[PDB]
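The whole structure should be built from the sequences, with the hints applied where relevant.
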Amino acid sequence: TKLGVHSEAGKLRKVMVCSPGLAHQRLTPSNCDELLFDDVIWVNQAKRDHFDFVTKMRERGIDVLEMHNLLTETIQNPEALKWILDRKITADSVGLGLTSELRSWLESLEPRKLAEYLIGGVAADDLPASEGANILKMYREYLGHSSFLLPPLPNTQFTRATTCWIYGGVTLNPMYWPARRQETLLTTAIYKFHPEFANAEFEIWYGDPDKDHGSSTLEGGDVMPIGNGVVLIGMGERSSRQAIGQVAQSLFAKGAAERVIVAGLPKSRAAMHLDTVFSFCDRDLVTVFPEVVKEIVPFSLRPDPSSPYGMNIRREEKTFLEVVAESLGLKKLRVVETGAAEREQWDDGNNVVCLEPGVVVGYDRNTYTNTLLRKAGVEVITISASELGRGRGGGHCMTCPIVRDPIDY
Amino acid sequence: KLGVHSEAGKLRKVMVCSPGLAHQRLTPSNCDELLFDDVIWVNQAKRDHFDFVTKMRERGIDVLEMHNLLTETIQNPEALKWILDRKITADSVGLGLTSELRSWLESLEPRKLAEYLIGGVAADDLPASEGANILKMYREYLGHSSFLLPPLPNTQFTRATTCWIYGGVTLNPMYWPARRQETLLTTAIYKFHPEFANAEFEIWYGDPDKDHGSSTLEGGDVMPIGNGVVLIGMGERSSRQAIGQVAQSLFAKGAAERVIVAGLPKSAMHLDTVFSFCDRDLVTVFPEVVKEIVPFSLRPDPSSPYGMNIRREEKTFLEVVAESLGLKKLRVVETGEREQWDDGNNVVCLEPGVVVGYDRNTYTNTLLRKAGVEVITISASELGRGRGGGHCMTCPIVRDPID
Amino acid sequence: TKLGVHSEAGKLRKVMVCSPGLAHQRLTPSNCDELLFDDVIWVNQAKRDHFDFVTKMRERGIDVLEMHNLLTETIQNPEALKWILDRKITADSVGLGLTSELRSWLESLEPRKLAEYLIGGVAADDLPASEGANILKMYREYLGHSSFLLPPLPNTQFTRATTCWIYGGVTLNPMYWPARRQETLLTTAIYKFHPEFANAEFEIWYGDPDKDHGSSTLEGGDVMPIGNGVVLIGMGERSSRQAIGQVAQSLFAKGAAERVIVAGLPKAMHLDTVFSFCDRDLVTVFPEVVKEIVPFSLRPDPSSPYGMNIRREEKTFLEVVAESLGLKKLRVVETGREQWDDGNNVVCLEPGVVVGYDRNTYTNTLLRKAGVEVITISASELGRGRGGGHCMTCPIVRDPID
Amino acid sequence: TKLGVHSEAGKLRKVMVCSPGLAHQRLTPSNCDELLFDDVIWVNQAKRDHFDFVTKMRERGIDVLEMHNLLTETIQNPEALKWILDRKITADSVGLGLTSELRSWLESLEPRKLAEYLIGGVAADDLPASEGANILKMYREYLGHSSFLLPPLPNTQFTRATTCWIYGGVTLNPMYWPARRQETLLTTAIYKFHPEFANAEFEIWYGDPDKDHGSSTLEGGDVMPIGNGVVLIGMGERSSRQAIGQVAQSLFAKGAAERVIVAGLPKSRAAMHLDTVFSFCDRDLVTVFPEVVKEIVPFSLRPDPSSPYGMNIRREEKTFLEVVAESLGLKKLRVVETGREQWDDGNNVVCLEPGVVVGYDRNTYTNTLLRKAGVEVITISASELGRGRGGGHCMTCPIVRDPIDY
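Residue numbers (the UniProt record's numbering), protein chains in the order written: chain A, 6 to 344, 349 to 418; chain B, 7 to 273, 276 to 344, 351 to 417; chain C, 6 to 272, 276 to 344, 352 to 417; chain D, 6 to 344, 352 to 418.
If you are wondering where the hints come from, they were derived from the structure by calculation, not from laboratory data. The reader is advised that the hints may include incorrect statements.
As the list claims (entries may be wrong) - In the DSS-like style, the derived pairs of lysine-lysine whose C-alpha atoms are separated by at most 27 Å in a straight line are:
no.	chain 1	residue 1	chain 2	residue 2
1	D	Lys-216	C	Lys-197
2	A	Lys-87	A	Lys-16
3	B	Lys-299	A	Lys-93
4	C	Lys-87	C	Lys-216
5	C	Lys-272	B	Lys-299
6	B	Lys-87	A	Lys-216
7	C	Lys-216	D	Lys-87
8	C	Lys-272	C	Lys-19
9	A	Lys-272	D	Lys-272
10	B	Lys-272	C	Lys-272
11	C	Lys-142	D	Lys-272
12	B	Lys-93	A	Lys-272
13	C	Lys-299	B	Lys-272
14	B	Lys-87	A	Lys-299
15	C	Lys-87	D	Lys-216
16	A	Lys-299	D	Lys-272
17	D	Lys-87	C	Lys-323
18	D	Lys-216	A	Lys-323
19	A	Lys-52	C	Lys-52
20	C	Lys-142	A	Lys-299
21	D	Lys-93	C	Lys-216
22	C	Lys-299	B	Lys-299
23	B	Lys-197	A	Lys-216
As the list claims (entries may be wrong) - Residues from chain B that keep clear of chain D, each with C-beta distances beyond 12 Å, as calculated:
no.	residue
24	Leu-8
25	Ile-94
26	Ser-105
27	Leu-114
28	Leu-132
29	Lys-197
30	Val-293
31	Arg-319
32	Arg-374
As the list claims (entries may be wrong) - Far from chain A, some chain B residues (derived; all Cβ distances over 12 Å):
no.	residue
33	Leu-41
34	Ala-85
35	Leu-90
36	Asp-130
37	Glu-146
38	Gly-173
39	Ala-203
40	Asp-215
For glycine and all other residues, C-beta sits at the position ideal for the given N, C-alpha and C.
The structure is reproduced here in structure tokens:
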């Protein structure tokens, strides 16, 4: 099968999402900052809402893969479970008094259940009667320690972050926060052992859960394979120049890209990702956050054998929207700003995901921008942000495209 | 032979590291980025240091200054290859700069080289090139740090990165990934320096070519008191995962008989911030926290899985240290009448009853000179702005035993 | 008639509430914090869950007063409006040159549009083009300063914060943050001028908007009259002792309270945040905090030069509250199996009936087990404010129990 | 000569200061945020640097007045004292059951010890045993409150802040933070009663410790009467337009000012008063923090007899810097940028006379450049006195300084 993403707007055939669960069920007002999650959510409500989102896509014919599912089938293959536990349960991560007990117990479990735990973490409490456990019940009960043997990954809800399908291949994103790399591990197991991937054909442009990656960090929200051989990558607080360059390089080498346009995010407004200020709705229509987009500094990165490092780089003086338009053959892009005149209230229209040109999934709370997009010709199918939006991320953050056709530029 | 056999024993060989380029680079902006509380007055700060250095040297101690070791160390091409191969990678500098940078550093005279290796390198330091310019460009138009190799201003706190527990040392896996650079440089010295290479000693824990994940251990949390006992602070910076592996390695080589884990209450510091030795039975304390340390004692046991047995002590922390040393009681000096607030913890013993402390802790000082301690004072005005002091600026290497 | 609150579980008969409005429409990720308001909410939705809540009480026969209407009808009295405006629009507040413009325009608006701007703040843009306001837009655009002739008051949504009805008397609380004193004002004028209260029979226990109360701050959340002369009051970051003493002294004057227990909160919070009644002998707590509050009893002491005797309780809070009410022991339900919810801050309609939040499923179930009836509303946008049912209501007429 | 400041860089004749004191000894790492103090300082050492600094202007023949002191000679007058206690001790400020104990106690004190407390604050312990302080040491006991019935006022060390001398007059500044109002109350007692003041000719342009003032606030750091009948009053995080309007309004009505240049200061979360990013070092010399001064959006209120309110405001085009040099009838200011051996922040120095400033030892670079510009730089230690942020300027409230074009 030919997996690959050749756009942002063209018809999405296959996507991967992940429903909230045990991760979020372990969330408290006191532990969410350290667990990297915005705020505590009504988990059963959010599970529902997600199922709604998911179903509106299946309804439209899109194949929609849920991470818990995939993880579950994956774990049933003994080799793949071992590949994970070998990496997740070590002396360094769990402690020498707990390695064995923890691992045997996890292995004693049911596939579905064991997946919940892998994504949702394990508490000393969940462990079967024993001592190594009590010692943790003890540090928790006497010092105020985290009661976590395996820290929960609520950020899995955001499938966009972890991996990036750029044309005919994927990246295994080195995540900023060490903690979050646990997510990338689980997702690699799936891409490595799951039936639907192991046998599919695709490349691996960058990333390796085995290497450390150092100062090199790359994040999903920042990556966009827009078609026409071009790729946009945001360089900010989360995706570094030392990662982007290695990706470009790996790309130009397999002849996978022609040009990579680095969207330089200014330090101020660089505490975010590209897809948080810039989004495609149609082949030539984007929603934009001005204050940041008018300040983004574009750089065209193109291969070159005249270079020992094989690439050439230039700062464009044209604006990002102009550079982006011209990269697509387009005169300019039609732009809907979002995030003072008609706005009944404040709202931020970005991060809506595309199902196909002109058809978008957005948030019900963004009624102002939503209208603006309809007037501009886009069908907006909404979903609830009461619990899902307490993550600031939108449908684009809750999706990792896997298969999606391109368009004529 | 190299080793640290107590906290208050006679100090004969110490390692410190003066402020410098790393600090000259500090800015109110990169201030937190670089994990340093504030921007000090560098030149003034160096003087206070040399002063602190000269004082211990007067008492005859051997004082090794990191820059000197590094400088001597990188004169051994193999020693340099060892570091540059780990410090200059595509992941740390990026594809376009690893060549011109290594080229340019390899061409520097040793002292200048050690300077950068510690103080970092800015785009500006590099001879004109695309790369340098590309870097300057992102710096000019986006505001990113122009640091090819970021500075390591906390090198000045030699206590943090490696720990000499009796006959061996630990190369500590620092909480923050960034500070692991520090530990890289020291390991290099322990590997190639003459005073090290041909020295007899073991490495108890730590490896800079590994990813320890949740295993982290910080200098300020370790204390080989003596009597085959090692005190280790468990807290916001020293994980049990690391700690368990250290006690186990220790026992395994018959280097210690007990590891008393000092459980720091959830109330961001190191044991040595709230507990300092001054004399065989004298310790400065921070009551509020110190009186809330849940004490755990791990001992060797062939009847335990991991091979270790751990038990939660009931008595106060203070008691379980007294009796762990074989003393009835510990003399205690509470800090953190007397005119104004002050914290005089973190002082360093040059030998019994001899401690170097800060000038500003006028109170705590007399409370110690009252307990029969010669409190040799230095300037905290710059070296101390960084919330750190004596014990922190020192990493014992050879300190004779007590009884 | 005779206004008054005699209990925290009695049959609620008259409550004031105030729905989200233009106030929250001005919220922006930047300004919400400099505006003392948690996070930015979806106003239209919030207006709906609010109305749903207001509706759930009116059908149980409760009479419900909403602030916007109250203001409206209130400012339809030339006097009242002058009383607010002479206060709201001054030179120190608005800017020496705008006073005229800003007042002229407001005075030319229909009541229901004026009141809205009163609670919702008036932006430079809102004013008819002038050399006056146009300067502010220059500052708002070129300097990034707030452009508010009048600042929005989104906290008016919590009518529990500005005034308390301590048995046939009310308190005009001097809020902690100075800005929020702008809310106390409008409710005062409403207690003062509106027909509902104007002719009403009730005392004025403490506070005055014309006064600057120094370090004396009091906030609705801590105050709760529980039955016979007893009155609980939190002394934490928001209700200062300077105010507590003067309130208890005052109540001791007209002799409207026998005892005033002062619950000294430990460690950003209020009493009703960790303590809430649902039935005559039932509560909900946040053990961690409740278990650690140092009680203090206040009683009239003729021998005292300042008229009181500040004794201190030796048993625990739940081991005091239960007493001053004669219960054998207080039925306690805890919050603070599924996930995490904070059941506290439930407003009581009558005994055994409580309007709560829908997200706190566990606690609601526990409460139901303890016997309570839980009518729930949505916290999606109203719960984006840390508080709930209790905080969103100012009881004005509740029945006693015994 | 008559009291009044007529420029920022001309011969300084009289200056009021305040050494670090008892308020500073109450600072703990647990409470310097509620008191508005960056960090805990070595008090007796700061006392020596403050004094060092005093000595340096004193030997140059500048009558250096000190607050604790002026407050003692002032507090001498039973009236002066009634006025202060009457406002400092109230049922709102200290509450019902402490008014008398605390006030009686304060009065049984030696004038200079009483001064100590007014500025340094008073804790419960300081008071004799009682039902009062005890059922109050009790709150600090379990509840862990702020033992202070009176809180110290450590920022008193920055006299520039609470009051300003703009030409033949002064302003009793309405501080941003309430807590900081208690300061202005003391300096006011001093201007109202103390000899060197209550018998001197000057005006009270704006201000009143008894009035509310609402959204109208000002901070000494922002105001500068640079001479030529002009007053630079930066608008920002602490000084608001509401206060500036009423200030200039009076400045115009009484004829003490011809134009006021509001320095519209760019939004930024951290304080930032004009004298912390802009400093006069000479008649045509100024230090500057590029990254800010360039963002300043000048405005020029001038009186207008026909206007209702008595003025008119235009938005200057040229840079805030040309709108200033032109404001002094000057061709163009000479600026020294600050903020290359390390990172140096030279702003906030104070002139004693044209071409002679007093700055910090540590800002070796900036100084080097000022000395490159013809400025004599007398330096004082900032190890404790500068752990704050401001320096020379922020620690002085000029009472009599001469006009320039001299």
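Against the structure, the hints:
1. Of the pairs offered as hints, the one joining D/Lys-216 and C/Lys-197 holds, with about 25 Å between alpha carbons and a cut-off of 27 Å not exceeded.
2. Restraint check for A/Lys-87 and A/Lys-16: not satisfied, since their Cα atoms lie roughly 36 Å apart, outside the 27 Å limit.
3. For the suggested pair B/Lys-299 and A/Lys-93, the alpha carbons sit about 37 Å apart, so the restraint of at most 27 Å is broken.
4. About 18 Å separates the Cα atoms of C/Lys-87 and C/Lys-216, which keeps this hinted pair within 27 Å; it holds.
5. Using a Cα cut-off of 27 Å, the hinted pair C/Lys-272 and B/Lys-299 holds, with the two alpha carbons roughly 19 Å apart.
6. With a C-alpha separation of about 21 Å, the suggested pair B/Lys-87 and A/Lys-216 falls inside the 27 Å cut-off, and the hint holds.
7. This hinted pair checks out: C/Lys-216 and D/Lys-87 have alpha carbons roughly 22 Å apart, not beyond 27 Å.
8. A C-alpha spacing of about 35 Å is found between C/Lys-272 and C/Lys-19, which places the hinted pair above 27 Å, so the restraint is violated.
9. Taking the CA atoms of A/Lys-272 and D/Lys-272, the gap is about 17 Å. The hint holds against a cut of 27 Å.
10. A distance of roughly 15 Å separates the Cα atoms of B/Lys-272 and C/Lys-272; the hinted pair therefore holds under the 27 Å criterion.
11. At most 27 Å may separate the alpha-carbon atoms for a hinted pair to count; C/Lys-142 and D/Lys-272 meet this at roughly 14 Å.
12. At roughly 25 Å between alpha-carbon atoms, B/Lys-93 and A/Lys-272 fall within 27 Å of each other, so this suggested pair holds.
13. Restraint check: the Cα-Cα separation between C/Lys-299 and B/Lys-272 comes to about 20 Å, which is no more than 27 Å; the hinted pair holds.
14. Restraint check for B/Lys-87 and A/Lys-299: the C-alpha separation of about 45 Å exceeds 27 Å, so the hint is violated.
15. Restraint check: the Cα-Cα separation between C/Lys-87 and D/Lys-216 comes to about 21 Å, which is no more than 27 Å; the hinted pair holds.
16. Using a Cα cut-off of 27 Å, the hinted pair A/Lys-299 and D/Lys-272 holds, with the two alpha carbons roughly 19 Å apart.
17. Of the pairs offered as hints, the one joining D/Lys-87 and C/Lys-323 is violated, with about 44 Å between alpha carbons and a cut-off of 27 Å exceeded.
18. Between the alpha carbons of D/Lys-216 and A/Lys-323 the distance comes to roughly 56 Å, so the proposed pair goes past 27 Å and is violated.
19. As the CA atoms of A/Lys-52 and C/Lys-52 are separated by approximately 25 Å, the hinted pair is consistent with the 27 Å bound.
20. The straight-line distance between the Cα atoms of C/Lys-142 and A/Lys-299 is roughly 21 Å, inside the 27 Å bound, and the hint therefore holds.
21. A distance of roughly 16 Å separates the Cα atoms of D/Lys-93 and C/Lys-216; the hinted pair therefore holds under the 27 Å criterion.
22. Between the alpha carbons of C/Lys-299 and B/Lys-299 the distance comes to roughly 22 Å, so the proposed pair stays at or under 27 Å and holds.
23. With a C-alpha separation of about 24 Å, the suggested pairing of B/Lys-197 with A/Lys-216 holds against the 27 Å cut-off.
24. Non-interface call for B/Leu-8 relative to chain D: holds, since the shortest CB-CB distance, roughly 36 Å, exceeds 12 Å.
25. Even its closest Cβ contact with chain D, about 26 Å, leaves B/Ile-94 beyond 12 Å, as expected for a residue assigned away from the interface.
26. The claim that B/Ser-105 is not at the interface with chain D holds, since no C-beta of that chain comes within 12 Å of its own (minimum 28 Å).
27. The claim that B/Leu-114 is not at the interface with chain D holds, since no C-beta of that chain comes within 12 Å of its own (minimum 20 Å).
28. No Cβ of chain D approaches the Cβ of B/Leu-132 within 12 Å, the least distance being about 16 Å, so the stated non-interface status holds.
29. With a minimum CB-CB distance of about 32 Å to chain D, B/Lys-197 clears the 12 Å threshold, and the non-interface call stands.
30. The claim that B/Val-293 lies off the interface holds: its Cβ sits roughly 17 Å from the closest Cβ of chain D, which is beyond the 12 Å cut-off.
31. Chain D leaves B/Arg-319 outside its interface by the beta-carbon criterion, the shortest separation being 33 Å against a cut-off of 12 Å.
32. Residue placement check: B/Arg-374 does not keep its beta carbon more than 12 Å from all beta carbons of chain D (closest about 4 Å).
33. Every beta carbon of chain A lies more than 12 Å from that of B/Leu-41, the smallest distance being close to 15 Å; the non-interface claim holds.
34. Separation of B/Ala-85 from chain A is adequate, the least Cβ-Cβ distance of about 21 Å exceeding the 12 Å criterion.
35. With a minimum CB-CB distance of about 15 Å to chain A, B/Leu-90 clears the 12 Å threshold, and the non-interface call stands.
36. The claim that B/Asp-130 is not at the interface with chain A holds, since no C-beta of that chain comes within 12 Å of its own (minimum 17 Å).
37. Annotated as non-interface, B/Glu-146 brings its C-beta within 12 Å of a C-beta of chain A; the closest such distance is 10 Å.
38. With a closest Cβ-Cβ approach of about 23 Å to chain A, B/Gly-173 is found to remain outside the 12 Å limit, as its non-interface label requires.
39. Its beta-carbon lying about 27 Å from the closest one in chain A, B/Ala-203 satisfies the requirement of being farther than 12 Å from that chain.
40. Its closest Cβ contact with chain A, about 10 Å, brings B/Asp-215 to no more than 12 Å, contrary to its assignment away from the interface.
Hint compliance for this structure: hints 2, 3, 8, 14, 17, 18, 32, 37, 40 are not met, and every other hint is.
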